[PDB]
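Given the coordinates of chain A, assemble chain A' with the ligands onto it according to the supplied hints.
2 protein chains.
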Amino acid sequence: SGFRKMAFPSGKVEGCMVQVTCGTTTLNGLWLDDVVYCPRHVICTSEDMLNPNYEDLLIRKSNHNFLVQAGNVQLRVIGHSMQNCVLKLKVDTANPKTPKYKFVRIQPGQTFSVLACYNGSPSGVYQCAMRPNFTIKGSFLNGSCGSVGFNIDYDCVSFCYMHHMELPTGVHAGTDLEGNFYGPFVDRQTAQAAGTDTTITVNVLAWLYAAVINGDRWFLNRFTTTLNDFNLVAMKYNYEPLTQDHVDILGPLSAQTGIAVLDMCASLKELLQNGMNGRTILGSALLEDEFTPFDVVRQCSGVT
Amino acid sequence: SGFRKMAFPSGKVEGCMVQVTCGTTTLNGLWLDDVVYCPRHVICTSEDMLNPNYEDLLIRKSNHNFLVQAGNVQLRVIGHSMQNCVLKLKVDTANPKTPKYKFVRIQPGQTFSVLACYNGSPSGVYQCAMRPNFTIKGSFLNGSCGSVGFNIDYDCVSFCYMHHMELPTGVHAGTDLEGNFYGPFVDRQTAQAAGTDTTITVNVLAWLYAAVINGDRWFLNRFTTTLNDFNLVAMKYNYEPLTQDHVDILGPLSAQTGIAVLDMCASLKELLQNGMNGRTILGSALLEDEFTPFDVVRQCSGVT
Ligand SMILES: *C(=N)c1ncccn1
Ligand SMILES: *C(=N)c1ncccn1
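Going line by line, the protein sequences match chains A and A'. A prime marks a further copy of an entry chain.
All the letters of the first sequence, read from the start, carry residue numbers 1 to 304 under the entry's author numbering.
All the letters of the second sequence, read from the start, carry residue numbers 1 to 304 under the entry's author numbering.
The shape of chain A in the complex, shown without the other chains:
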């Protein structure tokens, strides 16, 4: 028993982190096979970031200008190319620690683990979610760009995020491993404001099921609701609309606990309207939305 904000074991990803330097800028790269992936803003000076023309800046760069170091040994760069907002540095050596991997573009509400790195070295691992406004709330200092987000399915790492920037509000923006930003963000130092950070309703419901499984049951009420009634309340509280797809995804948790999804919605509806009254659920005084229904099943069953 017990329910924690758990990250995937990071070992498989640690074996892929390298340092990339271009001029005076050092950030992280991801070395998979004979390619090193990193944010293209590694070629920019802090000044260039104001209005960069990446194609033009890249013309002034040669393979020998990209310094790639894996541990304390230098990798030889034999090619370079830009794919959207990432640079792909072809090296002459395949990473011997390359795990089975995929590049996936996640949807909002999906969670992933981040291996925060500096100078190609791992500093920590934590669990995040792609917010509905396509930002993430991470922990990233200067030098952390190129740190990656991922999920693991037994032995295959699905990379879903690469860190590129912090908005003026302290929230984070980045790309998938094809270099496409999540959301409308651009790799430029300009006014970029995030939209409404709504709550991921299906994740809150999953976490309420995790609470019931783990013995925290005070919030269970005698009520039920409908998808339409619940959604009127969800709109009022800046919660994402709940769809029949979300109800179907919660089916296994509903089956395990014997609590119908709409009854759990009615419990959540009362928590939104009445508040927590100074009580906690799974050691939290707010409704947690960074556990997907899959994460709740995974953690409650001990998937390795």
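For the record, the hints were derived by calculation from the structure and aren't laboratory data.
By construction, the Cβ of each residue, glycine as well, lies at the ideal position given by its N, Cα and C atoms.
Do not rely on the hints blindly, as some may be mistaken.
Chain A is nowhere near these chain A' residues, computed Cβ spacing over 10 Å in every case [what the hints assert, rightly or not]:
1) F8
2) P52
3) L67
4) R105
5) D176
6) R188
7) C300
8) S301
In the DMTMM-like style, the derived pairs of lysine to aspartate or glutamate whose C-alpha atoms are separated by at most 25 Å in a straight line are [what the hints assert, rightly or not]:
9) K97/A - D155/A'
10) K61/A - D34/A
11) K137/A - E288/A'
12) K97/A - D153/A'
13) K100/A - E55/A
14) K88/A - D229/A
Heads up, incomplete: computed chain A residues facing chain A', CB under 10 Å, no partners named [to be verified]:
15) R4
16) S123
17) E166
18) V171
19) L271
20) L272
21) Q273
22) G275
23) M276
Relative to the frame of chain A, chain A' with the ligands by itself:
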């Protein structure tokens, strides 16, 4: 910017996890050099756990009864011994992935990362703290015994915890790597109730400094207090007493933010008396106590 409950990168520890089976019981072991460490209750049937005599049960066990598997390859057990509540299984092969390591016994209030494992395989990593009542609030299912807690200092892993049991209240108890339980707990299936789970005051203060560094400043007030006045309030709210040692440890955070430790105590005093009023600090609606002052400095500086 951003502040997350961050665990250490788990790779160095993943390379040490093995599966240990005795009879019908399978749990995890930690393989360092040519020794595999595991909870001694691996020799018990669920029935034996009611009132086990470990020395007597161990007489009926031979080296060949302890099945140790690292990945999918079997290790040969050439010796076994009991040290307090852990078994040390001498194997004929040194773990080639043994990192630099130490065995440390932590004090309450100290944090560590847990690599939850099942069948010798890592499932997830999360951050914990040794509670003042010597329990931990983990996420452990059946089969997770032998999972370990650790801290990393650059390349040296300091192992501080090995999971042994869950109390009837869903909280966890375990030992250091010398087999000595934290707190008064015993490896027996009997009535073991935990004491008061007080709040780790010095960690809350560290987290308030982390909040100021990261821009969450609404709780800063115009007041100050004394150690004695603050402690009267701390006692009332089941917070641990703050000592001059804790004030000294918070010195670097006080210096960085320009907020005197006693002024931060006065802010915390008002938060305890007035509550949060529906507001949050670092995305939390409660006062977080599982970040030490060292963790706040580490995360705010990007130690790798
Ligand atoms: C990412 N490494 C980064 N560091 C400093 C400024 C901007 N981005
Ligand atoms: C630890 N692995 C454990 N599993 C089942 C019951 C008790 N302890």
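Hint consistency between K88/A and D229/A [alpha-carbon to alpha-carbon, up to 25 Å]: Between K88/A and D229/A the Cα gap is close to 49 Å, so the pair fails against 25 Å, i.e. violated.
Claimed clearance of chain A by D176/A', with the beta carbon kept past 10 Å: About 20 Å separates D176/A' from the closest Cβ of chain A, which puts it past 10 Å; holds.
Residue hint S123/A, partner chain A', criterion CB-CB below 10 Å: holds, 5 Å
Restraint outcome when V171/A is required to lie within 10 Å of chain A' by C-beta distance: holds, 8 Å
25 Å limit on alpha-carbon distance, applied to hinted pair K61/A and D34/A: The hint holds at about 20 Å.
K100/A paired with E55/A [C-alpha distance capped at 25 Å]: violated, 32 Å
Consistency of the no-contact label for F8/A', given chain A and a CB cut of 10 Å: The claim is violated: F8/A' sits with its nearest Cβ about 6 Å from chain A, within 10 Å.
Chain A' contact restraint for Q273/A - C-beta distance below 10 Å: Violated, about 14 Å.
Evaluation of the interface hint that places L271/A against chain A', nearest CB under 10 Å: Since chain A' brings no Cβ nearer than about 12 Å to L271/A, farther than 10 Å, the hint is violated.
Restraint check, 10 Å cut-off on beta carbons, for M276/A near chain A': holds, 8 Å
Distal placement of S301/A' relative to chain A, Cβ over 10 Å: The claim is violated: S301/A' sits with its nearest Cβ about 8 Å from chain A, within 10 Å.
Status of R105/A', Cβ more than 10 Å from any chain A Cβ: Consistent with the label, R105/A' stays out of reach of chain A, its closest Cβ about 22 Å off (over 10 Å).
Checked against the numbered hints above, the structure breaks hints 1, 7, 8, 13, 14, 19, 20, 21 and satisfies the rest.
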